[PDB]
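Engineer: Here is what each chain is made of, one letter per residue.
Number of protein chains: 2
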Amino acid sequence: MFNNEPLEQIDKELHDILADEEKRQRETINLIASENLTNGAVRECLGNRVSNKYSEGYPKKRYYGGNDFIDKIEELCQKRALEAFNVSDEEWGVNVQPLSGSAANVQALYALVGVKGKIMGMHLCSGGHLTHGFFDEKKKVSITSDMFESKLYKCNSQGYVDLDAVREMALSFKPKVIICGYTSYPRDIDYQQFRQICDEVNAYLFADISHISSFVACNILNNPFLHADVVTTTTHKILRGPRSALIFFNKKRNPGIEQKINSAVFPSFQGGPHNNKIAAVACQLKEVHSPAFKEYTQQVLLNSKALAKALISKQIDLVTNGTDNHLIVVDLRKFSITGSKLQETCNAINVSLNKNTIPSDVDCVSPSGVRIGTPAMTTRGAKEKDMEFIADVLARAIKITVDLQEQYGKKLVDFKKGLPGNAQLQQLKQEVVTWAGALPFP
Amino acid sequence: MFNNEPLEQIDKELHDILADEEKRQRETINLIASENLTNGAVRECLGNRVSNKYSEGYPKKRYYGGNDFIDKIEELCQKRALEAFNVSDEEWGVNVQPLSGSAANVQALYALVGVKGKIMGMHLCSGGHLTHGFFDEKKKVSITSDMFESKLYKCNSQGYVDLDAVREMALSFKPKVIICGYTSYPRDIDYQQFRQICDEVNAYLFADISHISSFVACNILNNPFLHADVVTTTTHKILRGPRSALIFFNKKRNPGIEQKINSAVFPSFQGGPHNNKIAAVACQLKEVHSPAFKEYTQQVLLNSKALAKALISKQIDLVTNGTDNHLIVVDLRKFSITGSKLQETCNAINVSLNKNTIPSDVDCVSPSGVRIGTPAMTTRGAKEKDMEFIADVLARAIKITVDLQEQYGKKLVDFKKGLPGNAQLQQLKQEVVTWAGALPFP
Ligand SMILES: Cc1[nH]nc2c1[C@](c1cc(-c3cccc(CC(=O)O)c3)cc(C(F)(F)F)c1)(C(C)C)C(C#N)=C(N)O2
Ligand SMILES: Cc1[nH]nc2c1[C@](c1cc(-c3cccc(CC(=O)O)c3)cc(C(F)(F)F)c1)(C(C)C)C(C#N)=C(N)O2
Ligand SMILES: Cc1ncc(COP(=O)(O)O)c(CNCC(=O)O)c1O
Ligand SMILES: Cc1ncc(COP(=O)(O)O)c(CNCC(=O)O)c1O
Ligand SMILES: [Cl-]
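These protein sequence lines are chains B and A, in that order. The first sequence begins at 1 in the entry's author numbering and counts up by one. The second sequence begins at 1 in the entry's author numbering and counts up by one.
Keep in mind that the hints were calculated from the coordinates and are not lab data. A few of these clues could be false.
Just so you know, same-sequence chains aren't split out, so a pair can sit in one copy or run between any two.
Stated by the list, open to error - In the DSSO-like style, the derived pairs of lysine-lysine whose C-alpha atoms are separated by at most 30 angstroms in a straight line are: (1) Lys252 to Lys151; (2) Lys383 to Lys251; (3) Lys252 to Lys139; (4) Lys61 to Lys334; (5) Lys72 to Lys416; (6) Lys417 to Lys252.
Based on the sequences and whatever the hints tell you, model everything.
Structural biologist: Encoded structure:
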C-alpha cells in the first residue's frame, strides 16, 4: 500500500532541483576545505534499506528484534575504523553511531567532564570550531560554552598556536579537557606539547581531526593517537565518507572510558543509530586503508602547496604564509575588501569557497579572509599544474571585486547590485564552467 | 582520482551482509511500532549527491558558496511540512535540520528553558521517551535529566495518563515545559487538558508526536497544534519518511520563538545540515498530504484495532485493554514469562518486536510486556483479516516460550539454549517466511 514509481515521476518538482544541483556541482571549482565528493558505492549504502531498522543500543545488546545483520555491519565499521587509523583494538575503542561532527564532540566532552565541567578550546576567529566552547560577550553561541564552562585560547598575530598562552591559561583555569585540532588552521599541531600541558594539569587530551583525518591515517602529518585520550573525526571531509562521525577512546590510558563514551552517545544523547550511515562509513574506511587512497591524500597536500605557492607568486598574502595541510586562509586586508564580498563574487563565477576570519579580525560581522582547500578538486583529478589556473581565477575574482566595490560602494547590499550580468564575471564563469565540467565527476 | 566500481565490486564483504539484511526484512513479520519501509523515491533522495554540500546556517544566510539549489530544497521541505500538518505559515514555523528525534527534542527543550531549566515528562516505564527527562535512582540516564531539572509523571495502574497527578506535580514543581506525546502509549491524548495545566503554571506545552504523526496530519486523532507551543516529530516511523526530525513552533502564542528554536538547532547544537535527508523529507511530505496516504493511515488503525481484538479473543491481556492508535502493549504476567524471552522467541521465528515495560514493572531488567504495531505490515498490504494470523503466530510464540522456560529454566542465558533447532519454531519460522516473503515490498 505504497507508491513505487521513480523520484522523477512521484516528485518531478524536487527532481528538477536535484538535477540542477548536480549540474552546478559538475560545473563548479569547489574550494570548500570541508567538502568532497563521495563515490557511487558510498551513495549506494546511504540509499540502502538498512535505514529501516531501529537498533538502539550496541552490538548483541539491542532493544529491538531482528538486528543480527545490523550487528555485523556495526562491528565491521568499528574494525575498519581502528584499522584505518593504525590502532590496536586492545588499546583503542571507537563509537561509530554519532550522527555528525558536532554531535560527536558534545557527546565526547560530556563523557569526560559532565554538565558544568570545564573545557579549553581554540577560539573561533583563530581557527577553532563552534563545538570547542565558542562564545561571545553577547551570548553563549555554542552549547559547549553553556552546558560546560569553556575558556578560549587565541593564536598569535601570525596565526600560529601559542603554546605559552595555552599553558598559562591551563594553569589558572584548570580545565578537565584541552581541545586541539581545528576547522581553519593551516598548520600541523604539536600534540606531544599538548600532552605535556595536559599531564601538568591532569586534563584529558581531546584531538578533533575532522579536517586532517586522511593525513593522520596515511602518516603524512603528526599522529594524535600517540598522545591523545580522545580523537573525534567526521567522515565527510578529506576522508571522503558519508556525513557522520567517529569518537575514538584510549582504554589503556583511561580504563572505563569505553562505557562513559558509549553511554554518552546512547542513551544520554542519541536514540536510534542511522545504519545507512554506518554502512556507508564501513565502505569508505576500506578504501581509506588502501595505498591508492594514500596517493589521493598525498596529491591533496601537493596541490595545497602549489596553490599556496602560486597565490604568493601573485602577491596574495596567506595566514602563516603557507600551509602544512589541505587548506589555506587568504588575508584580504591589502585589497581593502571583505571575504563576504569575495564569496559572492566567487559564487557568481562557480567558485565555491567560504568567508573566514584572520587573527586581526575583532568582530565576525566583517571577516577579512577566505578559506580554500584542495580535497574536492583533488578528487576530480586536478594536479599541481592545474593549481596555477585556480590561483589565476581567484586573482581575477579579487580584482573584479575591487572594481565592483569602487563602482558601487563598500556596503554589501550595494555590492551585490554590481554582480548580475557583469561582462567579466560572465566571461570568468564561462572559463570556470568549461574547465570544471570537463573533469571526472563521481 | 576515485574508485567508481559499484558496491558489489568495491566491497563484496559489506554487499553480502546488506543482501542478507534485505532478505531478512522481506521474510519478517515486522511488528516494531516505530519502524516502516521507505519507497525507492525516498531512498533515491538519501543517495543523492546533495549530501556533498556544506550549508551551515539557514536559507539565504549561508556560511558557504554554492548553496542556491540547496536553499530551494530546504524552503520546499518547510513549505511541504507546514502543508502536511494543516497549519498556516503565518502562525506556525518549522525547522527541518534536526538529525533525528532525540536531537530535535534536546534542541527544542534547550530553546524553551536553557541549561538547569525545569521540565516535566512521562516516565519511561509508563510509556514516555528517554528524551522526556528520563532518569533513575542511580543515574541521570538521559541528558534531558542532567542538563535540565526534570521530574517524571507516572500513568495509573491501568496504564492511562493521570491528569490529576500531572496537575498536582506541575503546581508543586513549577516546570517551564510539560512534555506529552509518547513512545509506548496506546491511547490518544487530551492536549486541551494539558494546555489548561500549562496555562495554570505558565509553562510551555511540548507535544512529541513522533509515534502518531500520520494520524495528526490525516485528522484521524486529536490535533496538538490547536493547543501546543512546540510540536516535534521524527519522519521515519508511521509518517514513513527518512530518519530525520521536525520541530514546529507557534509564532502567535510565542513571538520570537522562531529565532530561539533556529539558534538552538544551529549554531547551538548542530553544524552542517544533512541535505540528502531534507530532500528525502521533502519527497515524503508530499505523499503525506495526498488522499492515498490518508487511506494507508486509516488502514493502520483498522489493523491495530483488529489485532487488539484478535489477541483479546485468545485471552491475551493488553495495557488499557485496547488501543486508539497504531500500537498495542501486551501484558505477559499471566503466562509468567518476560518480554525479553518473547523477543528472542519471536526473533527465532522472524517476528520483529520489542520488549516493553508495563505499569506494574519496577525494573527494566525484567520487562513484563512487549510492544507491537501495525505501520510496517500495513505498508506491506496486510488487511484486517490478516491480523488473526499475526495474532495466531504471537499466541503460538507465547506458548512455545512457556514450554521452553518449563524445559530449560527461568534464567535468560539458559532459555536461549532452548531456541536453536527447535522443531516447532522451525515450523513456525517456515510459516512466517512463506506469508511475509510473498507480500509487496518497496
Ligand atoms: C560556519 C562555521 N562553523 N565552524 C566554523 C565556522 C567558520 C565561521 C563561523 C562563524 C560564526 C557562526 C555562528 C555564529 C557566529 C558568531 C557571530 O555571528 O558573531 C560566527 C562566522 C564566520 C565568518 F567568517 F563569517 F566570520 C566563520 C567558517 C569555517 C565558515 C569559522 C571561521 N572563521 C570557524 N573557525 O569554524
Ligand atoms: C529503547 C527505548 N527508547 N525510548 C524508549 C525505549 C523503550 C525501552 C527503553 C529501555 C531503557 C533504555 C536505556 C536505559 C534504560 C535504563 C535501564 O536500563 O535501567 C532503559 C528499556 C526498555 C525495556 F523494555 F527493556 F525495559 C524499553 C522501548 C520502546 C524499547 C521504552 C520502553 N518501555 C520506552 N518507554 O521508550
Ligand atoms: C574541526 C571540526 N569539528 C567538527 C565539525 C562539525 O561537523 P558537522 O558539520 O558534521 O557537525 C567541523 C565542521 N566544519 C565546518 C567547516 O570546516 O566547513 C569541524 O571543522
Ligand atoms: C516519542 C518519541 N520521540 C522521539 C524519539 C527519538 O527518535 P530517534 O530514535 O530518531 O532519536 C522516539 C524514538 N522511539 C523509540 C521507539 O519507539 O522505538 C520516540 O518514540
Ligand atoms: Cl543519511
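Engineer: My question is about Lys417 and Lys252: at a cut-off of 30 angstroms on alpha-carbon distance, are they close within one copy, between copies, both, or neither?
Structural biologist: neither (60 angstroms within a copy, 35 angstroms between copies)
Engineer: Indicate which option fits the pair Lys72, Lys416 if close means a Cα-Cα distance not exceeding 30 angstroms: within, between, both or neither.
Structural biologist: between (53 angstroms within a copy, 20 angstroms between copies)
Engineer: Between copies, within a copy, both or neither: which fits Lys252 and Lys151 at Cα up to 30 angstroms?
Structural biologist: Answer is within; shortest intra-copy Cα gap is 28 angstroms, inter-copy 38 angstroms.
Engineer: How would you label the pair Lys61, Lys334 (within, between, both, or neither) given a Cα cut-off of 30 angstroms?
Structural biologist: The answer is between: 26 angstroms across copies meets 30 angstroms, while 60 angstroms in one copy does not.
Engineer: Reference check for the pair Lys383 and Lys251, CA-CA at most 30 angstroms: within, between, both, or neither?
Structural biologist: neither (41 angstroms within a copy, 52 angstroms between copies)
Engineer: Measure nothing new, just compare the shortest in-copy and cross-copy C-alpha distances for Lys252 and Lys139 to 30 angstroms and report within, between, both or neither.
Structural biologist: The answer is between: 26 angstroms across copies meets 30 angstroms, while 38 angstroms in one copy does not.
Going down the numbered hints, you'll see the structure goes against 2, 6, while the others check out.
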